[PDB]
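There are 4 protein chains.
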Amino acid sequence: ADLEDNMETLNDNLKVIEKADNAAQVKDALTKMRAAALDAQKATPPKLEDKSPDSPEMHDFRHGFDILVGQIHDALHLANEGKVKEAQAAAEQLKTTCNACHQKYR
Amino acid sequence: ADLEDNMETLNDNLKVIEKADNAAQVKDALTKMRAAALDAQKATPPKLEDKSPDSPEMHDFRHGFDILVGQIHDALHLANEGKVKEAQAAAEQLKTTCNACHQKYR
Amino acid sequence: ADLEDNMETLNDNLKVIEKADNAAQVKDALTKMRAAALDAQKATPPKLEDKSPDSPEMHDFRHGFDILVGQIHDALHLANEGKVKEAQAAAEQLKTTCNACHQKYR
Amino acid sequence: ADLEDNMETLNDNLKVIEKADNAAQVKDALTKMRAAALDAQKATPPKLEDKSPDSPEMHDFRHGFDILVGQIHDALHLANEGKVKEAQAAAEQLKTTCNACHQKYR
Ligand code: HEM
Ligand code: HEM
Ligand code: HEM
Ligand code: HEM
Ligand SMILES: [Zn+2]
Ligand SMILES: [Zn+2]
Ligand SMILES: [Zn+2]
Ligand SMILES: [Zn+2]
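Chains as they are written, first to last, in the deposited numbering: chain D, 1 to 106; chain A, 1 to 106; chain C, 1 to 106; chain B, 1 to 106.
Hints are computed from structural coordinates only; laboratory data are not their basis.
Just to be clear, a hint being listed does not mean it is correct.
[Stated by the list, open to error] Derived pair list, reagent style DMTMM-like, types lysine to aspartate or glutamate, alpha-carbon separation capped at 25 Å:
hint, chain 1, residue 1, chain 2, residue 2
1, B, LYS15, B, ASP66
2, D, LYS83, D, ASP5
3, A, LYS42, D, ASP50
4, A, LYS42, D, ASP60
5, B, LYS83, D, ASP21
6, B, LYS95, A, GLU92
7, C, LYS51, B, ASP28
8, D, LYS51, A, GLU81
9, D, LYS104, C, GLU92
10, C, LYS95, B, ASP66
11, B, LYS42, B, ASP21
12, D, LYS85, C, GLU57
13, C, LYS32, A, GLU86
14, B, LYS47, A, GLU81
15, B, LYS104, A, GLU81
16, D, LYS42, A, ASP60
17, D, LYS83, A, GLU57
18, D, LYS83, D, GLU18
19, A, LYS104, D, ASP28
20, D, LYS83, A, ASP54
21, C, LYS19, B, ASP54
22, C, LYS32, B, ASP28
23, A, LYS15, D, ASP54
24, B, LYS32, C, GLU92
25, B, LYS19, C, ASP54
26, B, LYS83, B, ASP28
27, B, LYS85, A, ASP60
[Claimed, not checked] Examples of chain D residues lying across from chain C (beta carbon under 8 Å, computed):
hint, residue
28, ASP60
29, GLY82
30, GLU86
31, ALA89
32, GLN93
33, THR96
34, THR97
By construction, the Cβ of each residue, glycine as well, lies at the ideal position given by its N, Cα and C atoms.
The shape of chain D in the complex, shown without the other chains:
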């Protein structure tokens, strides 16, 4: 899908996690986020459609996703360890990464 969609996914499951009750939910949600993130990856953001594919910006843009995915990956682990609360914390702190990118490229 396109950015807007994967981003909608990202934001939806994030709220699902915040309202989540069981570790089952959190896991599934995070899993979708990973997918959404990995997909958002390939995309080229509007503010950067004039920049070349191998631009310092496009590279930093892609780097952001590697950070985001790495984080989800870990939060995932926590959910898998049954630790629902600290997994949610992990998800909440993800926002820092979401935001970060938004300033630079949204």
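Could you slot chains A, C and B with the ligands onto chain D? The hints should help.
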């Protein structure tokens, strides 16, 4: 693309890296590997077409990519730091991850 | 050294990075933070001096550092790639990790 | 402690993990390895006592530990998820990292 393709990509650039001379090459090759890995991600391997999307296996399968991608990501950094040799080492040691997955799901 | 010290180090270089001008500075500062974090690691926080060494808390406490170190490591890479700005961003976003631990154990 | 010691620690718990039966053991052992690794970190290897602290080698040397610790961190997660076998696999594959450093600096 489909697994076979992204896997071909993955294996080709790996050898490109082993035969690589300049940091420029390694970078580019690793970059391609990231793309191939991230894509291979979405795919569902043959040995697991009967297993549900949220199977312990399908999840572990996906996890391997997170490891692989993470590793490529760091190798990438090394290449960007001009450190061609240790980046190649990083690439060589990636194999451990490639193999790992192959036993369980290839 | 002891927590307070390594923590002071951590917070000092963090501001050094924020006021940093050249990539050389950022690198050096981040390098100090790595050392400081790696050291703070071994330590046992006050709120947890009654808890056993292998407590869920002492483990989570240790995990936080693994996250922090991991992040510093990557920020370091960026600095080495000459990318001073996104390296600073990487540092700023570290705080999320700093904070996270402080709620739970400070 | 000094390198030799942390290294002994590292190699001992590794074998403990290989002979390990319950997830409890694996966790505890890996935890010791982390401590041993993080400590080995600060040290200055013999082959590099003539090189300056900020040498390309001393830096690469330190980087190796960041890789090792990172890996241990993940194995740790697997143990915590009860997955004793794949955690042991994680541990076995760590050796690739152990070796790597030994060629360059042992
Ligand atoms: C889990 C974290 C994240 C969440 C929940 C999130 C959420 C959102 C949401 C809800 C939008 C709404 C606007 C729309 O698409 O119509 C948006 C847009 C956007 N996000 Fe994020 N985001 C996250 C991470 C990131 C990261 C890491 C990057 C950069 C690498 C990024 C780049 C963008 C961009 C470029 C847009 C503009 C899309 C457009 O053209 O409409 N986001 N984000
Ligand atoms: C850089 C590391 C890797 C390399 C170089 C690599 C390479 C290859 C190659 C050359 C094939 C050839 C057979 C073909 O596709 O026709 C293959 C197949 C396969 N690989 Fe990898 N691989 C890597 C990592 C991984 C990882 C991490 C996983 C698991 C998460 C994985 C899963 C598979 C599977 C399931 C197949 C079978 C594909 C098919 O149906 O043909 N690989 N791989
Ligand atoms: C780069 C991020 C971090 C910065 C800049 C930072 C900074 C600080 C500072 C300035 C103090 C001042 C109080 C003092 O020590 O006298 C402090 C205390 C403390 N920090 Fe951090 N911290 C960071 C990360 C962390 C992390 C990840 C943990 C947990 C694993 C942690 C645990 C603590 C604890 C337990 C104290 C109390 C120390 C005491 O007994 O005085 N910090 N931190
Ligand atoms: C878990 C993986 C590792 C294991 C099990 C391991 C194990 C060992 C063992 C058993 C020795 C025995 C010699 C002695 O100390 O008397 C040794 C030496 C050494 N290892 Fe490792 N090691 C590991 C990782 C590393 C890494 C990542 C580095 C580099 C960053 C490294 C650097 C060294 C060095 C420099 C020595 C020489 C110490 C001396 O002066 O005696 N090792 N290692
Ligand atoms: Zn973790
Ligand atoms: Zn690295
Ligand atoms: Zn990075
Ligand atoms: Zn993992």
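Subject >> Given pair status - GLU86/A, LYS32/C, alpha carbons within 25 Å >> reply: Judged against 25 Å, a Cα distance of about 23 Å means the pair holds.
Original post:
Going straight from one Cα to the other, do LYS95/B and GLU92/A come out at no more than 25 Å?
Top reply: Cα-Cα ~14 Å, so holds.
Original post:
Has the given pair, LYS19/B with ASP54/C, been kept, meaning a C-alpha gap of at most 25 Å?
Top reply: With Cα atoms ~21 Å apart, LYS19/B and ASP54/C stay inside 25 Å; holds.
Original post:
Do the numbers back the hint for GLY82/D, that is, is its least Cβ distance to chain C under 8 Å?
Top reply: 11 Å, violated
Original post:
Is the Cα-Cα distance between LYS51/C and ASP28/B 25 Å or less?
Top reply: 16 Å, holds
Original post:
Hey, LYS85/D versus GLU57/C, does the alpha-carbon distance stay inside 25 Å?
Top reply: 13 Å, holds
Subject >> chain C contact restraint on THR97/D - CB to CB distance below 8 Å >> reply: This hint holds: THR97/D lies near chain C, its Cβ roughly 7 Å from the closest one there, short of 8 Å.
**OP:** Assess, step by step, whether the Cα of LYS83/B is no farther than 25 Å from the Cα of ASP21/D, and give holds or violated.
**Re:** 24 Å, holds
Original post:
Should the hint that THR96/D touches chain C count as held when the rule is a Cβ pair under 8 Å?
Top reply: 4 Å, holds
Original post:
When you check the alpha-carbon spacing of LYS83/B and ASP28/B, does it fall within 25 Å?
Top reply: Given that 25 Å is the threshold and the Cα spacing comes to 14 Å, the pair holds.
Original post:
For the pair supplied as a hint, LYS83/D and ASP54/A, is the alpha-carbon distance within the 25 Å limit?
Top reply: At roughly 19 Å apart (the allowed maximum being 25 Å), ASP54/A and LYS83/D satisfy the hint.
**OP:** Answer holds if the nearest beta-carbon of chain C is closer than 8 Å to that of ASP60/D; otherwise answer violated.
**Re:** OK, holds: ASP60/D within 8 Å of chain C, min 5 Å.
Hints 2, 3, 11, 22, 24 and 29 from the list above are not met by this structure, while the remaining hints are.
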